[PDB]
Amino acid sequence: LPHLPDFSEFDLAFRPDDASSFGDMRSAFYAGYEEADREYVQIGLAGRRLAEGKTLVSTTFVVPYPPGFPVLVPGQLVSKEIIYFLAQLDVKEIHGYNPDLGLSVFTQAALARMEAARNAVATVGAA
Amino acid sequence: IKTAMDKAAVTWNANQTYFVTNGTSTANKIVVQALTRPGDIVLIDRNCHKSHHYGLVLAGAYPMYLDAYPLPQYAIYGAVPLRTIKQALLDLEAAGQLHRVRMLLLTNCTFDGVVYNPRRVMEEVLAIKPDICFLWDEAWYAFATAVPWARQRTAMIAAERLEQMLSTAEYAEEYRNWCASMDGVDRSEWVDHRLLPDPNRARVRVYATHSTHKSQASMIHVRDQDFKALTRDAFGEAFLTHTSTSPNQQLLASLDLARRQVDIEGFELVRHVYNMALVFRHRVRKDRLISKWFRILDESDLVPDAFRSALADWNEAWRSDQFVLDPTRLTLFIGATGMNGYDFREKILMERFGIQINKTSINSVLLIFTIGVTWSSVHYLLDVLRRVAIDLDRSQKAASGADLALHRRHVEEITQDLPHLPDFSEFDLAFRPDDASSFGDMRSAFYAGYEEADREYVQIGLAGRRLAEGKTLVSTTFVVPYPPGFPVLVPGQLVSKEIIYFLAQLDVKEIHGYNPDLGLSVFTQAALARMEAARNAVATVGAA
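Chains as they are written, first to last, in the deposited numbering: chain D, 791 to 917; chain C, 357 to 571, 577 to 670, 683 to 917.
Simulated from the structure, these hints should not be mistaken for laboratory data.
The C-beta atom is built at its ideal place from N, Cα and C for all residues, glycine as well.
Be a bit skeptical, because a hint or two may be false.
Keeping only pairs whose Cα atoms sit at most 20 Å apart, straight-line, the calculated DMTMM-like set for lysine to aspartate or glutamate is [as the list claims (entries may be wrong)]:
1. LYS442(C) - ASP548(C)
2. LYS720(C) - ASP880(C)
3. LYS570(C) - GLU724(C)
4. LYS720(C) - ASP764(C)
5. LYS870(D) - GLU829(D)
6. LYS442(C) - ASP594(C)
7. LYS844(D) - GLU883(D)
8. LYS485(C) - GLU449(C)
9. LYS485(C) - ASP396(C)
10. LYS358(C) - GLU829(D)
11. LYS589(C) - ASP807(D)
12. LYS882(C) - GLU905(C)
13. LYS870(C) - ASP880(C)
14. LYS363(C) - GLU829(D)
15. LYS589(C) - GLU799(D)
16. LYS882(D) - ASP594(C)
17. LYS589(C) - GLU829(D)
18. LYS589(C) - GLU825(D)
19. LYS442(C) - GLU724(C)
20. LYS870(C) - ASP796(C)
21. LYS653(C) - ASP594(C)
Residues of chain D placed beyond 10 Å of chain C at every Cβ, according to the derived structure [to be verified]:
22. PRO795
23. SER810
24. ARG839
25. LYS844
26. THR850
27. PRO854
28. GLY886
29. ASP890
30. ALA902
31. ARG908
32. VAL914
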C-alpha cells in the first residue's frame with residue numbers, strides 16, 4: 791500500500807515567515823487566477839520534472855471527492871507521494887483537477903517573481 | 357440535463373445559465389468573486405443590494421461608488437446617469453488607475469422602477485474600457501422578458517445585440533466615420549460626446565442574476586466572450602466556495618421543471634400583469650374622482666428632462694431613450710391627501726389582493742404588480758382609492774377655515790419641503806489607496822473595525838458636535854436602513870452632516886449595524902490617525 795500524502799510545506803514564495811511553516815493560501819488562490827502564471831504539467835512527467843530540481847507549486851484546490859479532503863491547496867509543494875496517490879486514484883469526482891489536461895502549477899518565472907517580491911517585502915518590513 | 361440547461365439559455369437568450377439554489381445573494385457573491393480579484397477596482401451603484409457590497413469586501417475589490425440622481429420631491433433615488441459613469445471612468449484615467457477597473461456592476465431596474473438602457477451604457481463604457489465586465493442585478497426586472505417592448509432593455513438581449521453590432525462591417529464604417537469626426541477633441545471631453553466601442557478591441561462580458569420564483578432558487582445568466590479562457594476556472598472555484606458543489610447535474614436537474622413552467626405558461630401571466638398595470642394607471646389618470654387627490658408618478662416625474670430625449686413613439690422611446698419607467702412598479706403619490714405613506718398603508722390599503730406594497734416613502738407608496746395580480750385586484754384598488762377620494766371630498770366640503778388651514782399645512786409639510794437626500798460622502802483618506810482617486814479600501818475598513826480599542830460609539834448629538842468641532846466621523850460597519858434595504862454607511866465611509874440629519878429622523882422598521890439607544894460605531898481619532906500614518910508610510914516607502 792503506497793504511503794498516504796502527508797501535507798508538504800507551503801512553497802517558500804507564499805510563506806510570510808520563512809522560519810515557520812504557515813503559508814498564505816489567499817495570495818496563492820488569487821495569484822493562480824492569472825493565465826500567464828499558470829501551467830499544466832501531465833502527471834506522467836511530474837516525477838521527471840521534480841527530479842530535474844524544479845519546484846512544482848500547485849495553484850488550485852485538488853479535492854478528491856470520496857475522501858472529501860483537499861490533497862493539494864494553492865501554494866502547496868507538490869511532492870512525489872502526492873503525485874503517486876493522484877496517479878493511482880482514478881475516481882471521476884475530483885474537484886480542481888483533471889487527468890487529461892494536467893496538474894495546474896505556477897510557472898517557474900511566476901514563482902521566481904513572486905518569491906523575489908516576497909523577499910523584498912520581508913526585508914523592507916523588518917527594517 | 358445539459359441539453360435542458362441549453363433550453364433554459366435559449367429561453368433567456370443567454371449563452372450559459374447557471375442556477376444557484378441558495379438565494380439571489382449567493383449568486384451575486386458568486387459572480388463578484390469569480391470576476392473581481394483583490395485590488396481590481398469595481399464601479400457600483402450605491403443603491404445596489406448589500407449582498408454586492410459584502411461580495412466586494414470578501415473579494416477585496418476597491419469599490420468606486422456611483423451615485424444616482426436624487427428626487428427631493430418624492431425622496432427617492434432614480435438611477436446613475438451615463439454621464440456620471442463616463443465622468444468617473446475618465447477621472448480615474450487622470451490618476452492612471454483606469455487599467456484596474458473590472459466591473460461596472462449596475463442594477464438593471466432600480467427599486468422605484470427606473471430602467472437603465474443596457475445596450476447604450478455598455479456601448480459608451482466599452483469605448484473607454486474595451487475589456488470591462490458588467491454584472492446586471494435583475495432582481496427587480498426578471499419578469500420583464502416576456503413583453504417585447506421591455507425585452508430589449510434586459511442585459512442578455514442588449515449584450516447579444518452589442519455583440520452582433522461590433523462584428524458588422526457596416527458598424528466598422530460607422531465607427532471609422534465616428535472616430536474621424538472627433539479627431540482633435542481632448543479625451544477629457546469624451547464625457548460630453550456620444551461614444552462608440554472599438555470593433556476590434558471591445559469584448560462584451562455580461563453577467564445577470566434572475567430570481568427563479570419572480571417570473577429561493579436564483580439564476581446566473583452568462584454571455585462572455587472569454588468565459589472558457591479567463592473566468593471558467595475562477596467561476597467554478599467561486600461556485601464551490603459559495604455552494605456545496607461546482608456546476609453539476611443535480612443543480613441542473615431542478616431546472617427542467619422551471620424551464621417548462623416559464624417557457625409554456627409563465628410569459629403569458631407576465632403580459633397579463635403588464636396589461637393590468639397599464640389599465641390601472643390609465644384608470645387613475647382618467648377617472649374624474651380619483652385624479653383629484655391621487656397621482657401615479659410616470660416618466661415625466663421620476664426622470665428629469667436632462668436625461669430625456683403613438684405605438685412607434687413608445688417603442689422608440691423604450692429602445693433608445695436613456696431612462697424609462699417600468700409599468701409594473703407603480704409609485705402612487707398622496708401628497709395632496711396630506712397623509713403619510715406609512716399612515717396610508719396602516720389604515721386604508723395595506724395588502725388585500727395579489728398586489729404588494731414594498732416601501733412607503735414620506736408622501737407615496739410603491740405598489741408592485743406581481744404575477745398574482747388579476748382584474749379583481751385592479752377593481753379593488755380603484756374602489757379603495759375611490760372611497761378615500763369621496764371621504765376626503767366630503768371632509769373638505771364640511772371643513773371650516775381652521776380645518777382647511779390644517780389640511781393645507783398637512784399637504785405643505787409633506788409635499789413642498791423635504792430633507793435633502795444623502796449622497797455618498799467620501800472614503801476616509803486612511804482607507805483610500807491613492808489620494809488622487811476616490812475609491813477606498815472597504816475590506817481593510819471592514820476588519821479594522823473589529824478591534825475594540827480602535828472603535829467607539831458616538832451619539833447623534835455628539836456626532837453633530839464633533840463635526841462642528843472638526844473631528845472626522847468614519848463609520849466602521851455597514852449601516853443599512855431598510856426602507857429599500859441598501860446601505861447608507863459602508864466601512865470607512867466618512868460621515869457627513871447630511872448622513873446624520875437623515876439618520877436622526879428615521880423610524881424605519883429594521884436597521885443593521887445601528888443601535889439608536891447606544892450610539893453609532895465610528896473609528897476613534899487615534900485609530901484613524903494611526904491608519905493614515907501607516908498608509909502614508911507605505912506610499913512613501915516606494916520612493917525610498
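Outcome of the hint check:
no.	hint	result
1	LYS442(C) - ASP548(C)	9 Å, holds
2	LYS720(C) - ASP880(C)	18 Å, holds
3	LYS570(C) - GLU724(C)	18 Å, holds
4	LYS720(C) - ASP764(C)	14 Å, holds
5	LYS870(D) - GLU829(D)	18 Å, holds
6	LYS442(C) - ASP594(C)	31 Å, violated
7	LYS844(D) - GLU883(D)	29 Å, violated
8	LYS485(C) - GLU449(C)	10 Å, holds
9	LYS485(C) - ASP396(C)	14 Å, holds
10	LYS358(C) - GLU829(D)	29 Å, violated
11	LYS589(C) - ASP807(D)	36 Å, violated
12	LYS882(C) - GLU905(C)	36 Å, violated
13	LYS870(C) - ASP880(C)	19 Å, holds
14	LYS363(C) - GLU829(D)	35 Å, violated
15	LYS589(C) - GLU799(D)	32 Å, violated
16	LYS882(D) - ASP594(C)	18 Å, holds
17	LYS589(C) - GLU829(D)	16 Å, holds
18	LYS589(C) - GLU825(D)	12 Å, holds
19	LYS442(C) - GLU724(C)	42 Å, violated
20	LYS870(C) - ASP796(C)	11 Å, holds
21	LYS653(C) - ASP594(C)	60 Å, violated
22	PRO795	21 Å, holds
23	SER810	22 Å, holds
24	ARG839	22 Å, holds
25	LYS844	22 Å, holds
26	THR850	7 Å, violated
27	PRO854	14 Å, holds
28	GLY886	7 Å, violated
29	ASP890	15 Å, holds
30	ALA902	21 Å, holds
31	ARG908	16 Å, holds
32	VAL914	7 Å, violated
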